[PDB]
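Model the full structure from these sequences, guided by the hints.
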Amino acid sequence: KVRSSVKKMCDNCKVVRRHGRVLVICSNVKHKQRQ
Amino acid sequence: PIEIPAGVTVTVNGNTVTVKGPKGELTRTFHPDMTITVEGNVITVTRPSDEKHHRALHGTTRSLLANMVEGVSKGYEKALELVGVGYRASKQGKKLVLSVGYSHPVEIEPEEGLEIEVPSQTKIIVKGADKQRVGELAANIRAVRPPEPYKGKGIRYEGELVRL
Amino acid sequence: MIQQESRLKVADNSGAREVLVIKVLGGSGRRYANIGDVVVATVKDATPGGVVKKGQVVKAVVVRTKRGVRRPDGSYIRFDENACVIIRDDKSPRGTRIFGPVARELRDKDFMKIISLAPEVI
Amino acid sequence: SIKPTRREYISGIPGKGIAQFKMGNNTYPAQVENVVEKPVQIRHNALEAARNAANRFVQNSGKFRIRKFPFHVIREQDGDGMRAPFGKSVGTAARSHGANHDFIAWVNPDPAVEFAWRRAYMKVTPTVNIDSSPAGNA
Amino acid sequence: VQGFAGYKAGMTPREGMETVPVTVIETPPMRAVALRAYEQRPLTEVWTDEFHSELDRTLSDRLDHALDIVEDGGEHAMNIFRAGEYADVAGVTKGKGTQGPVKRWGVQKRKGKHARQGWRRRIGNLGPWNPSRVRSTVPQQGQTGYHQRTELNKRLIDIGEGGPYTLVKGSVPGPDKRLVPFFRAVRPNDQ
Amino acid sequence: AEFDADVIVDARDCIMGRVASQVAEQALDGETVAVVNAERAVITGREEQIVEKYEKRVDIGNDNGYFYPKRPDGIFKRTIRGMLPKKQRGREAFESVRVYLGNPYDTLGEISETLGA
RNA sequence: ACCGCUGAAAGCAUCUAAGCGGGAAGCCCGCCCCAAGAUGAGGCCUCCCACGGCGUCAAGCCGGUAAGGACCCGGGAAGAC
RNA sequence: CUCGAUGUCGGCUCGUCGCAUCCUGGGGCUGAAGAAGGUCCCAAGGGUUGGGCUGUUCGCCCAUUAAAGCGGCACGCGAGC
RNA sequence: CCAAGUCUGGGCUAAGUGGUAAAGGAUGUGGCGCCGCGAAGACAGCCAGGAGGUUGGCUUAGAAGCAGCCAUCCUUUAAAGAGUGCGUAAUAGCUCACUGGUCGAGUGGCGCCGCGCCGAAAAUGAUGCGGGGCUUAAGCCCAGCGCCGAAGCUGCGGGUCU
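Those protein sequence lines, which keep their order, are chains C, X, D, W, R and P. With this note's numbering, you'll find the first sequence wraps up at 35, consecutive numbering, no jumps. With this note's numbering, you'll find the second sequence wraps up at 1164, consecutive numbering, no jumps. With this note's numbering, you'll find the third sequence wraps up at 2122, consecutive numbering, no jumps. With this note's numbering, you'll find the fourth sequence wraps up at 3138, consecutive numbering, no jumps. With this note's numbering, you'll find the fifth sequence wraps up at 4191, consecutive numbering, no jumps. With this note's numbering, you'll find the sixth sequence wraps up at 5117, consecutive numbering, no jumps.
I should point out that these hints are in silico values taken from the structure, not numbers from a laboratory. Hints may be right or wrong, so weigh each one.
[To be verified] Computed list of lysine to any residue pairs in SDA-like fashion (alpha-carbon distance at most 25 angstroms, straight line):
(1) X:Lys1023 x X:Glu1003
(2) C:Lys7 x W:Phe3057
(3) R:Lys4169 x D:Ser2075
(4) P:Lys5056 x P:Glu5031
(5) C:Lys32 x X:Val1144
(6) R:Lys4169 x D:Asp2073
(7) W:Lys3022 x W:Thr3127
[To be verified] Every beta carbon over 12 angstroms from chain R, so not counted as near; a handful from chain D, in silico:
(8) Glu2005
(9) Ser2006
(10) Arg2017
(11) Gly2026
(12) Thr2042
(13) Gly2050
(14) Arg2071
(15) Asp2090
(16) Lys2091
(17) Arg2094
[What the hints assert, rightly or not] Some chain R residues near chain D, calculated using beta-carbon distances under 10 angstroms:
(18) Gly4016
(19) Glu4018
(20) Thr4019
(21) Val4020
(22) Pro4021
All C-beta atoms in this analysis are idealised placements derived from N, C-alpha and C, irrespective of residue type, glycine included.
This is how it looks when you write it as structure tokens:
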């Protein structure tokens, strides 16, 4: 969502690279981190 | 770094690795952009990079291989869950005939290779020859039929949970 | 047929007399109120305060138009007049009674209510 | 570097209006602090503020000391339009000479205050440098 | 010849059950000229004279079944087109000519207070100042009457021979009676 | 079909650059180069963004038009032709070169095809 | 966009670089409308046959072949001409 | 740049781009069951109505509607009113 | 395209960056220093008990780590958990912040960098100058090498003023 400025929720929410892209991931709809 | 138990006929030509076995008749591909590894009684990883990068590159093949095998000899299995207080299924035709409202159930076919099973209407699952080609299709239906976890019911990957 | 401010009498008794045609009811664009159709107009004048009253925001439908209506029966029908009936959101008349005849129509687009009240439906 | 008209004819002799220096707590060795590298008539206000919000998030022991302070200012629109511009003041600060000793998060073992200041940098404006002092930070 | 076609009979409606207007169309089997194939090399149109008597005054189903009638000797009766079907026809506009941006192209003209002023017909404008001279956009008095017009969802209702002729569902053949009609039921949707 | 044997060449793998380059080179001087290979051809990795650029030849459509060929055939069309001008010789110099798909006379097959191949 | 499968490098996970799929009134195609003057002038069928005399690579001047066309006339929802 | 001169507001017509998208599809999100809303990512195809009072745009009001978009191009257009 | 090394040497790119941008992010990648250990046989797999006085103070109607303001100590023992954590009405389960067998040889951390991807949306139609280019493609950094190219400088010869 935040497109710009993502940084680790749940004590897990991972750091993944898709299309060089960095989009938050972690066992929660409440983390759908993306930029 | 693995093996090739009983029957694993192995032919690595051009970059293709031909593996013949029991209920696992399979012909897969395998990079020329690296180093093959086979010796008639085992086999393993070849270092056409030795460097982190390609390192993994095969650090994957390894499995890759591991697949051919276990795949060629003993086929794969995907455990599916039929969790629907209304939905339901039980093979029919050379395919499956699931149902879950709407009005028109649906007939789904496991093209040469893939093959589904109705152990008992409620639950089901697939037994192919390539974990790969399996997990996929296996799921490609597990969803096909909305698992909607709003409060519990639908096709779900074995070992799920609930919600609120 | 019948929009902006073309006028049309009553045949029911709702307590009216005549009514100005605001909008043709249906959805955007649309430019026409043809019997069966439903109009968004008001009172140009209504009896001595029966129940309606001059200048009253309103809702009425189509039943009399000298515009001539081509019946799927390659037939043709029209009238010496142009007017219709009020309604209760629920495509339901008010006039307790009818007046000049009308046309199958109505039925086809819901209204019986009048369909029969009518002295004669042509 | 345009600066003002004089220290007592235009606008010179103030308090600049702000929120004093010291906070946090002592500490003999532990060198915990912050400085910069950017040049900028440090935005007073912005300034004053910032630092403060710093205390807002911590509270006590962590040299919430801070070695800054504006003392001159700009000016602009007031009068005719754009031409012969007289001057109407507003917004004093101080030149953050391309880096230097900012404020200090100084204390034994109290990073619970390092993170703080940290929060203090985040804020600020001109980037900022996160650092330690003679020894480091313990 | 890949298709089937002839000319405009005319229009009129009448009968049915609710009633419905169509159009008449003339055409037995206008013989069969070679047939489409690009085999061994470039092949398309031959001509083993067998035509009319005057014509030298100027001297894979569709096409396939053809082979059926085009080898028979030439001609080929029209009408698979049967009871309730959708071919498509391509008339020829209609010598309507060069007209004003009026009908030629929908547009509102000279309003009121000036919707007469011995004023009238004539488009509004071209292009702005900075943009650049002109566009190939805004049509123009783009003549008409000659266009190779046609359409779709062309449903045929019935037919009979006495003279091989066809009855149509809604005319709009484009061109005028005695006119050049060609039909088909192309990528039908009503299918 | 069959022609001379003047500029007897082909393609495949190579670098879809200097490739044409000389093609012309002799494209200039005054020679005819009839080869072929298209597909086989070759050019920058980064396929992806690889097939992009020339799809930039793809839908680069300007009212005034702007076709932008859709078969290897072209790719080389552009490019090459690029090497030359547009007064006489050059031009002609564009009729004097000619290539083709598989083989008529004794990564370079994806962008095309891709955007038309 | 967005969702997945198979699995490295991170011996555990990951739609992932490489391997394979899902998914849009949208792009390409498809449906109508031109259209090779696209100087790369395209295809194909159906006609016409080697005429005269002159210096030449006379690819230049004449009767021709209704193959054939035209012009002039008479006419067209063809149309300013 | 133009005063040896670029005729300025609003309207009219004829429109053409653009996307931060109003309607429209596709998505993930929700304190989302349904339904309907809110949040934000992808997409411009097509489309986005009659009046009123105001020189006006803007704007308020009246009846619609899925919707009744923001802005370009001399806040497009006077050798077109 | 247009004249001149698809020179050689050794690094760095895997985005077409080059071919305009900032704050702000992230086991991208390559090169440098630190803390703990792998035979008290180490981080992420797996077997198991996931300790007791801890159930203290404001608010308690509920702090009793898992509302929040202050504590942060003691322990009989395999050590510790000021019990960072999902919850519910507070209590009530799991999770390491702990290690045996089975593995076994490199595993987690911050400072220093040089290269690089999200932020970075626009109106006629598209853009490195164009065709174009991914270990001489070519870019960028550090090294040697030879060629181009002005009307400038040498050779040719005339001109002309001081």
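Answer holds if the nearest beta-carbon of chain D is closer than 10 angstroms to that of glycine 4016 of chain R; otherwise answer violated. holds (9 angstroms)
Measure nothing beyond the straight line between the CA atoms of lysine 7 of chain C and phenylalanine 3057 of chain W; if it is 25 angstroms or shorter, mark the hint as holding. holds (20 angstroms)
Given the hint that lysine 1023 of chain X pairs with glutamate 1003 of chain X, test it: the Cα-Cα distance must not exceed 25 angstroms. Measuring from Cα to Cα gives roughly 18 angstroms; hence the hint holds.
Under 10 angstroms is the threshold here; is the Cβ of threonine 4019 of chain R close enough to any Cβ of chain D for the hint to stand? At 4 angstroms from the nearest chain D Cβ, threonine 4019 of chain R passes the 10 angstroms test, so the hint holds.
Hey, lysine 32 of chain C versus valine 1144 of chain X, does the alpha-carbon distance stay inside 25 angstroms? holds (23 angstroms)
Residue hint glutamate 4018 of chain R, partner chain D, criterion CB-CB below 10 angstroms: holds (5 angstroms)
Going straight from one Cα to the other, do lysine 4169 of chain R and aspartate 2073 of chain D come out at no more than 25 angstroms? Holds, at roughly 16 angstroms.
Assertion that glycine 2026 of chain D lies farther than 12 angstroms from chain R (Cβ): holds (23 angstroms)
Assess, step by step, whether the Cα of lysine 3022 of chain W is no farther than 25 angstroms from the Cα of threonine 3127 of chain W, and give holds or violated. Holds, at about 22 angstroms.
Minimum Cβ-Cβ distance from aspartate 2090 of chain D to chain R exceeds 12 angstroms: holds (31 angstroms)
Far enough from chain R: is every CB of that chain over 12 angstroms from the CB of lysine 2091 of chain D? holds (26 angstroms)
Status of the stated non-contact between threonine 2042 of chain D and chain R (beta carbon gap over 12 angstroms): holds (27 angstroms)
Consistency with the previously given hints fails for numbers 4, 14, ordered from lowest to highest.
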